[PDB]
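Q: What follows is each chain in one-letter form.
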Amino acid sequence: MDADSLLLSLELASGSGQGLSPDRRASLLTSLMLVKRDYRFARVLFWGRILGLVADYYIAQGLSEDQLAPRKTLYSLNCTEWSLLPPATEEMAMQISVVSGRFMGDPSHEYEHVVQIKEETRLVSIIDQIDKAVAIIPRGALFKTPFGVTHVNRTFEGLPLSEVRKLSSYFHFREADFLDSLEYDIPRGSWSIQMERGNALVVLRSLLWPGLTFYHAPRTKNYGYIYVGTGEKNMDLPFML
Amino acid sequence: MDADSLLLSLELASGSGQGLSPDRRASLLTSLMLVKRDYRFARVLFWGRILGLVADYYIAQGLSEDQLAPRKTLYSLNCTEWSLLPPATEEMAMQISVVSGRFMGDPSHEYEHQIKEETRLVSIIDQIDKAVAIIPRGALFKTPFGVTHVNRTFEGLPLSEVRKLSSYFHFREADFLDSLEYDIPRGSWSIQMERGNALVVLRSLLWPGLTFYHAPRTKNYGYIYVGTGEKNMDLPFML
Amino acid sequence: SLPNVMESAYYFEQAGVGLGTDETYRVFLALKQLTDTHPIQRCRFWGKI
Amino acid sequence: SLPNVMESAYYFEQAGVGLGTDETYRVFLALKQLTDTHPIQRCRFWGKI
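Protein chains in written order, with the authors' numbering: chain c, 1 to 113, 131 to 193, 212 to 276; chain H, 1 to 113, 133 to 193, 212 to 276; chain J, 310 to 358; chain G, 310 to 358.
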């Protein structure tokens, strides 16, 4: 969700069912635009909120000049108090496999396997394994220039209604007319496409990670994705569908 | 305002204060969608309110493919039944010059100064739109066929001429249409900003109750008149 | 015989949950239709699955 | 010392008047700054001129 547009982009009113209170949303707007000030991102986007158990982590992203790679991620327990996370990598992705369950509410918290897993490492890892293969770019928002993927489509007019139901008009945010569609030999039926708000809103739900809500207004250049959930992977999907 | 914007409740975020209630907002969304159904308007925009003494008029106009074409004005008293008003005339503008005061909310009401309340409503909405109805610079470009369409790459206004009245045009006949800065008394438009620089608010002073908004670097714009429904002739004393 | 679903939705918004004002008022009117249709002592917005 | 600005603003929304929840919550926080700064028995959001 683009930082300037959470008051425009209401997941809670869109049918996500969980989201930001006005206190939180207010703190997020001012604190995210100041996050743009401090660390010179070209764009700041609110990522979502991991519920946890004791305290709620509020997560934000910051993008450099237009590319899919430089995706810095943030966290805050009191919205305004933003702290830059370390970069993610395969070592921390592997390391958090030995831990399961809900997030706590304290970055200094440590688990036991005896390998020690900091809550901070769990946050950064789970954040990245969320963003790979759920974060939607709609068809047409981005293309690949021959000199690099920048090409933020300033002329984007949304998706026509015929293309919306198909699931092939939605691309991932991963480093892939150039990206991998949501049909990527993933578990079939892993996406719930919903026509909401009188056919003026397409609500997509990631069933590999419940709480992930993505939407775009049809025929319009508003789109964004947000994670309001538990933070654990729903591997359990193929038992359901 | 637009239906998408009616969902956003920018009527109240602009600081006009009066705005609309959420019950009315939902009812307007449904009924303006079906006004676009029953009348095949290219767009259906909520113009705001004329605040009366017994009831409040709820007004929306119909935009054809040509956005500057003479547009078909509607009214409602309960957000659901939309009644189509007749078009306005110079003669009908001349009749209500003897009449002043608050609207009544009863469209059948008669004034002895006879004048129908529909006459007042139609000519006041007409006079407001001719005098005051903002569009930003770049939006509503003239197609070469002699017809105006919404500039689909308007892309907002940058912050440099957001502050200037020259970057703001009217919804009427005058190739660019008619700048605000050729509109007297000088200073007849207030300029204000929302939180951050996310949105600029323009408040009409000749016609209080109008609050045009605009998000810079975004194609989200619109205006509503929520007010008394009379011209503030008192303005040059106050400036 | 309805509850004040909007007051509840207001507290829900304070906590950061609910379906938003628009959809919640729509559900409130639907519950009003339920009360009109059936002779029911209660009609509570249980949830949205 | 402070009033419940948000309950009032919710009823304002129901009546139709107000600044939206966002700006009203800002005004509530600013009133709290005024209240912890100054020795105020009772405070009230008078209006926006």
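Among these hints, one or two may not hold up.
Unchecked claim - Mimicking PhoX-like on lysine-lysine, the simulated pairs with C-alpha atoms at most 25 Å apart in a straight line are:
| id | chain 1 | residue 1 | chain 2 | residue 2 |
| --- | --- | --- | --- | --- |
| 1 | c | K256 | c | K268 |
| 2 | H | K183 | H | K72 |
| 3 | H | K36 | H | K149 |
| 4 | c | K183 | c | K72 |
| 5 | c | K135 | c | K183 |
| 6 | c | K36 | H | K256 |
| 7 | c | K256 | H | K135 |
| 8 | c | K268 | J | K357 |
| 9 | c | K161 | c | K135 |
| 10 | c | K256 | H | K36 |
| 11 | H | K135 | H | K183 |
| 12 | H | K183 | H | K161 |
| 13 | H | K149 | H | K256 |
| 14 | c | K72 | c | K149 |
| 15 | H | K72 | c | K256 |
| 16 | H | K268 | H | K36 |
| 17 | H | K149 | H | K135 |
| 18 | H | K268 | G | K341 |
To be verified - Quick list of simulated restraints, FRET-style, between CB atoms:
| id | chain 1 | residue 1 | chain 2 | residue 2 | range |
| --- | --- | --- | --- | --- | --- |
| 19 | J | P312 | H | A42 | 24 to 30 Å |
| 20 | H | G233 | c | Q133 | 55 to 61 Å |
| 21 | H | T162 | c | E192 | 51 to 57 Å |
To be clear, the hints were calculated from the coordinates, so they are not data collected in a lab.
Where a beta carbon is used, it is the ideal one built from N, C-alpha and C, also for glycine.
Q: Indicate, hint by hint, whether the structure satisfies it.
A: Outcome of the hint check:
no.: 1; hint: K256/c with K268/c; in the structure: violated (30 Å)
no.: 2; hint: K183/H with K72/H; in the structure: violated (31 Å)
no.: 3; hint: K36/H with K149/H; in the structure: holds (23 Å)
no.: 4; hint: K183/c with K72/c; in the structure: violated (31 Å)
no.: 5; hint: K135/c with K183/c; in the structure: violated (41 Å)
no.: 6; hint: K36/c with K256/H; in the structure: holds (22 Å)
no.: 7; hint: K256/c with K135/H; in the structure: violated (45 Å)
no.: 8; hint: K268/c with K357/J; in the structure: holds (23 Å)
no.: 9; hint: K161/c with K135/c; in the structure: violated (38 Å)
no.: 10; hint: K256/c with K36/H; in the structure: holds (22 Å)
no.: 11; hint: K135/H with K183/H; in the structure: violated (40 Å)
no.: 12; hint: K183/H with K161/H; in the structure: holds (22 Å)
no.: 13; hint: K149/H with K256/H; in the structure: holds (23 Å)
no.: 14; hint: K72/c with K149/c; in the structure: holds (14 Å)
no.: 15; hint: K72/H with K256/c; in the structure: violated (28 Å)
no.: 16; hint: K268/H with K36/H; in the structure: violated (30 Å)
no.: 17; hint: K149/H with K135/H; in the structure: holds (21 Å)
no.: 18; hint: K268/H with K341/G; in the structure: violated (39 Å)
no.: 19; hint: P312/J with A42/H: 24 to 30 Å; in the structure: violated (42 Å)
no.: 20; hint: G233/H with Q133/c: 55 to 61 Å; in the structure: violated (42 Å)
no.: 21; hint: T162/H with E192/c: 51 to 57 Å; in the structure: violated (41 Å)
Of the hints listed earlier, those the structure fails to meet are numbers 1, 2, 4, 5, 7, 9, 11, 15, 16, 18, 19, 20, 21, in rising order.
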